[PDB]
Amino acid sequence: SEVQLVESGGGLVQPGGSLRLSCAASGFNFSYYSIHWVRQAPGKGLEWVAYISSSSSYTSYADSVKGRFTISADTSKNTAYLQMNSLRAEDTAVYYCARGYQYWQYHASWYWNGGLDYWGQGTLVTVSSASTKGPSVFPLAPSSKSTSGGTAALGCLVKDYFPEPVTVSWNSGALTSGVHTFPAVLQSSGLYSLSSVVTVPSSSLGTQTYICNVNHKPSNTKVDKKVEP
Amino acid sequence: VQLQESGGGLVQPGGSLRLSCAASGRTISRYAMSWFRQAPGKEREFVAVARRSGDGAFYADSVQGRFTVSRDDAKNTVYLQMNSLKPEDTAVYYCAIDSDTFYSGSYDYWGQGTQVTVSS
Amino acid sequence: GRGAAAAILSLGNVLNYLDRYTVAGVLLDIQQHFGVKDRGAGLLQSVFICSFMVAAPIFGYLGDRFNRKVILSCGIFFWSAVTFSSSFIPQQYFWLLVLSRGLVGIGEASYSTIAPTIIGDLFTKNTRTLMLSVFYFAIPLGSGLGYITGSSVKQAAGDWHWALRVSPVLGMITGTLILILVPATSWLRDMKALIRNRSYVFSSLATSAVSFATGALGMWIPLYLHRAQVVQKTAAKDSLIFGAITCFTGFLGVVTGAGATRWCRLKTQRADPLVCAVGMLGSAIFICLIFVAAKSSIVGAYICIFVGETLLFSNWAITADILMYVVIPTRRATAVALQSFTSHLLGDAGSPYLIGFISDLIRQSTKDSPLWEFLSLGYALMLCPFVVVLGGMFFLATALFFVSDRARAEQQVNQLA
Amino acid sequence: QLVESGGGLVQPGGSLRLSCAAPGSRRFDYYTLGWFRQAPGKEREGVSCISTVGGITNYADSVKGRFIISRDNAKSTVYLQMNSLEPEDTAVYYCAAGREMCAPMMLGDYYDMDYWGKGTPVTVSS
Amino acid sequence: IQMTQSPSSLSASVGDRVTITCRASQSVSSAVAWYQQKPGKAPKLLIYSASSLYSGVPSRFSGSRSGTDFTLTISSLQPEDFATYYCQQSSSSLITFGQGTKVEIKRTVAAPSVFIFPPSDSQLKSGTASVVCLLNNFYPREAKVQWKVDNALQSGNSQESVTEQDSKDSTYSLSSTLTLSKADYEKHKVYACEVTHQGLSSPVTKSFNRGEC
Ligand SMILES: CCCCCCCCCCc1ccc(-c2noc(CCCN)n2)cc1
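Protein chains in written order, with the entry's author numbering: chain H, 4 to 232; chain K, 2 to 121; chain R, 100 to 284, 301 to 350, 360 to 541; chain N, 3 to 128; chain L, 4 to 216.
Pulled out of the complex, with its shape left as it was, chain H reads as follows:
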């Protein structure tokens, strides 16, 4: 068949809470392979979290999560559970479940290292203590000194929102030349912000009109702004 791993249980949690992630497998004989949970931070590299083989007597945890994560299995449904306790801000990530080899501990040596074969798709786990707010919008107007060879730039600023993502459009989608949008950053309080910028020749300051349109999904908030010198 085609092997398939599918994860579930992602979402938000305030600090001090707990979650229960579930990796459900299909297409293979569950009691001959181990299951590994691997996480990737938002920006950083991969990091290994935990291990459970079939017989439930082989389980292992990393150095950073002992006393907080607890893993176990269910062979009748082919399911593996990770119980997450005492979560903090340091734990925002994307979690992946991958397949192993059932004894890799006993026959990993000078020359083998079998590796992890098939991978899932991941769930996003976000730890926050904010409230669903609405983004604010600001202009970034050009100026007579902002001309670069007859060319000036302008943009719009989106600030102080939660949670991701937002969507941006220029003139409802008329112009898509020289349009850039930098990734969202995280403010010191715990809120996101970003900006968007375009470049046009200076004479267009006389006749052309530019509108920044922003849309936030959970708030269903559309805001439109008009820029001018």
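For the record, the hints were derived by calculation from the structure and aren't laboratory data. Honestly, I wouldn't trust all of these hints.
With a cut-off of at most 35 Å between alpha-carbon atoms, the simulated DSBU-like pairs for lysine-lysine come out as follows [said to hold, decoys possible]:
#: 1; chain 1: N; residue 1: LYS44; chain 2: L; residue 2: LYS44
#: 2; chain 1: H; residue 1: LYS47; chain 2: L; residue 2: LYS190
#: 3; chain 1: L; residue 1: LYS105; chain 2: K; residue 2: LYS76
#: 4; chain 1: L; residue 1: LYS44; chain 2: L; residue 2: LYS109
#: 5; chain 1: H; residue 1: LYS69; chain 2: N; residue 2: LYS120
#: 6; chain 1: H; residue 1: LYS136; chain 2: L; residue 2: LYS147
#: 7; chain 1: R; residue 1: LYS391; chain 2: N; residue 2: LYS77
#: 8; chain 1: N; residue 1: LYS66; chain 2: H; residue 2: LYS69
#: 9; chain 1: H; residue 1: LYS148; chain 2: L; residue 2: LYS192
#: 10; chain 1: N; residue 1: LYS66; chain 2: N; residue 2: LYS44
#: 11; chain 1: L; residue 1: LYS105; chain 2: N; residue 2: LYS44
#: 12; chain 1: H; residue 1: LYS148; chain 2: L; residue 2: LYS41
#: 13; chain 1: L; residue 1: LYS105; chain 2: H; residue 2: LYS148
#: 14; chain 1: R; residue 1: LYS391; chain 2: R; residue 2: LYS224
#: 15; chain 1: L; residue 1: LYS151; chain 2: L; residue 2: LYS105
#: 16; chain 1: H; residue 1: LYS229; chain 2: L; residue 2: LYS192
#: 17; chain 1: L; residue 1: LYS171; chain 2: H; residue 2: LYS162
#: 18; chain 1: L; residue 1: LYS128; chain 2: H; residue 2: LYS225
#: 19; chain 1: H; residue 1: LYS136; chain 2: H; residue 2: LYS220
#: 20; chain 1: N; residue 1: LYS44; chain 2: R; residue 2: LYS224
#: 21; chain 1: L; residue 1: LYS147; chain 2: L; residue 2: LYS41
#: 22; chain 1: H; residue 1: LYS136; chain 2: L; residue 2: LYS109
#: 23; chain 1: L; residue 1: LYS109; chain 2: L; residue 2: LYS209
#: 24; chain 1: L; residue 1: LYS105; chain 2: H; residue 2: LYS80
#: 25; chain 1: N; residue 1: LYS66; chain 2: R; residue 2: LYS419
#: 26; chain 1: K; residue 1: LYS76; chain 2: L; residue 2: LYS109
#: 27; chain 1: R; residue 1: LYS348; chain 2: R; residue 2: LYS491
#: 28; chain 1: H; residue 1: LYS229; chain 2: L; residue 2: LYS128
#: 29; chain 1: L; residue 1: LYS105; chain 2: H; residue 2: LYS228
#: 30; chain 1: L; residue 1: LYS171; chain 2: H; residue 2: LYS148
#: 31; chain 1: H; residue 1: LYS80; chain 2: L; residue 2: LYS44
#: 32; chain 1: L; residue 1: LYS147; chain 2: K; residue 2: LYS43
#: 33; chain 1: H; residue 1: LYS148; chain 2: L; residue 2: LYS190
#: 34; chain 1: L; residue 1: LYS109; chain 2: K; residue 2: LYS43
#: 35; chain 1: N; residue 1: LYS44; chain 2: R; residue 2: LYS307
#: 36; chain 1: H; residue 1: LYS148; chain 2: L; residue 2: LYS109
#: 37; chain 1: L; residue 1: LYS128; chain 2: R; residue 2: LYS224
#: 38; chain 1: L; residue 1: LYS47; chain 2: H; residue 2: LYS220
#: 39; chain 1: H; residue 1: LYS225; chain 2: L; residue 2: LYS41
Given the coordinates of chain H, work out where chains K, R, N and L with the ligand should sit on it, guided by the hints.
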């Protein structure tokens, strides 16, 4: 710390040259090494950069395919090989040191430069 | 929703076996209502097994050409209705009760041959065994409940007719439900080779002996213990006790045999026949002590029954494993069917009738007083230890040739292709 | 259990010898042997098997002519001899004992064996 | 417990030859496995046991060992091979991943474009000011930006964000943002971006005087 440049003169159209730049008083093993050009009456322009041993080298559009760079750690000396010269390249060349390990571009130590003239 | 199909078929099986052993638990009363001796009170089990025997292969045939659900439900309705309708016969006629038992035989045979196939073709390799296991270990439970419910209903209601009228209500209920909760889905040349297999023939004879003993004793003990109570000047708490004992010895023996053979398989390659033989001989010793302890004390008779009853069943889980070890994989259906028929024929088709007949022949040549009722039955049931010892010797005879027969099988399978 | 030995790193055209043995006074003479193997992106498959009494042997389709199997029931041992190995044979090898007869069109079935081993890895570099 | 992967960013044109080094002293010392990931997707196993090639991988990848080091080599780059690569070791009952190196496209140097943008009146009326500096269309990626306020140097109040490589010209763009209050904003008059890059012979400063229009 001091620096000296060498290798300027006359050359025919389509000519070739070899230039050297020798820095004395301070080891240059772990530093980035750059060369610039300046035409008469014009501004200084980037020519080429050679990074650490293992980080390659970079050139601008107008000089691509005809210039090459090289380092020599034991000599504490860098070299610039010059090919297919044209009259628009008649200018003074300058040798400078990037001292930053993170290639942010800290040019403080400069040379004297030499005149290269293409004519026919 | 397959769990429902499994559970409903399991309940059907418990009822199937509950309705074989309710005549036994009221046997003493039948005689006092129709006026018959022992010889005529064995026919009630001889004819049942004759009909079941002869009807099982045919309902095996007609069970994969045509539909199934229909055949299951028809079988249940038939045997439930004939059971309920048979508690209205007047005293003058006896042959009508015997005919009743024959028709009940037909219906039960149909159900029992077909249900395993359905509960097989619905599951997979890793759980088929568990479903078939839970289905089969409804045999001792039903067999015990037979005696239990017969005695209890007859005791409370005060009239033995009522023993035969409480099961069929459940029969109708289950028969309707198996219609809405089930999802519907060269033997001549075999025998010429199966007949030259020494391990197969000796294992078949040693299964016949076990069925002879089981049938005779399981119909004729409760009556014997009653006659024992009467002689000793002490007097229904008889069939209740027998049902209670059987409901647990049935499991305990099977676990015992599986465990011992699994330890002994790693010391030699004659594990299964030697386990079976030692178990049988031990059971024969402990059976032949009921007919000594019963004259004086009753608790001794019950302890003896417990031990012999346990060691006699230990070889139920194993004779299948002896069959699957000396017969190549294309001749296994013929072998299972042939062995089951022969087990029924030279076994308990005519066991209860023979015990009754011998008892009547003894009684007719002495006086007729309660003492001689008790002694006649005691001296007639002494055949069971004899035939059980013969069974032990037949397992030893198979353990002789086990290895040579496995070798010949391996050559055959690799030779085919 | 059954305990395996051998295995290691060879070069193409090399050869190797694996053994599997029972610790204690156990015998396994009712049945001992069959050899299985597994590789990362694929499924477990039988490699060969040997019978009980005669000494009859059967091999899979890809290894026929290159592998050899043998049994020693005087001291509870089974041996596999691998000749002219290739890069395609990098895998983990297992030892297992079951009750069914030795036949072609039996090797592939592994969900029915009684006792299993833990495995020994073989790596064939370039 | 960790591996060292070098070097941490490689620039290569299509058709070049590339080698990457993973070094360690963990309790395997000859077996590592190599993985490949593209932004947003799960990774894919690429090589196991330091030499062997997983099923269905293009045959241009190779891996080998040297002393205590291991090297991965791509022979002829193709436009579907620009990603990030990781190595794995398994010392004990633990598994530890590598640091990873990123592989990207080369081109010719271009000096950055520099712009400054001061806060508007809407930012002012709420009392919190946020000034922005924009660098646009430069290569290579390494650049430095600093803040000058009355020729005074700031710290801990600036953040930066940089896009991925542009999908047409293969250039970068960067935004730097400085955050203050309105109260402090009234306490200065000079605001300056100080940008340094390889392609500049001289540092570039951009200036702003408070409120001029
Ligand atoms: C000292 C006392 C001695 C012991 C007495 C207690 C009796 C308990 C017997 C329980 C029993 C009932 C019936 C069957 C059976 N009948 O037919 C089949 C095969 C049909 C397949 N299509 N199996 C097996 C076991």
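For the pair we were handed, H:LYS136 and L:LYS109, check the Cα-Cα distance against 35 Å. 42 Å, violated
Starting from L:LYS105, check that the Cα of N:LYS44 is at most 35 Å away, please. 30 Å, holds
Check the hint pairing H:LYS47 with L:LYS190 against an upper bound of 35 Å on the C-alpha distance. With a Cα-Cα distance of about 39 Å, the restraint between H:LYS47 and L:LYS190 is violated, given a limit of 35 Å.
Does K:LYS76 pair with L:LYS109 here, judged by a C-alpha cut-off of 35 Å? 29 Å, holds
Would you check the hint for N:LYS66 and H:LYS69, treating anything up to 35 Å between C-alpha atoms as holding? 50 Å, violated
Pair hint L:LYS105 and H:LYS228, alpha-carbon separation not exceeding 35 Å: 39 Å, violated
If you draw a straight line from the CA of L:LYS109 to the CA of L:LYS209, is it 35 Å or shorter? Distance ~29 Å between L:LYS109 and L:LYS209 Cα, so the pair holds.
Proposed proximity, R:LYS224 with N:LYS44 (alpha carbon, max 35 Å): Since the Cα atoms of N:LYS44 and R:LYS224 sit roughly 21 Å apart, the hinted pair holds (cutoff 35 Å).
Need the status of pair N:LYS66, N:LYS44: alpha-carbon distance at most 35 Å? 20 Å, holds
Taking only the CA atoms, is the gap from H:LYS148 to L:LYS190 under or equal to 35 Å? 24 Å, holds
Would you mind confirming whether the straight-line C-alpha gap from L:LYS147 to K:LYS43 stays at or under 35 Å? This hinted pair holds, its Cα atoms lying about 26 Å apart.
Restraint status (C-alpha distance of H:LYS136 to L:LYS147 at most 35 Å): 34 Å, holds
The structure fails hints 2, 8, 12, 13, 22, 24, 25, 29, 35, 37 (numbered hints given earlier, in ascending order).
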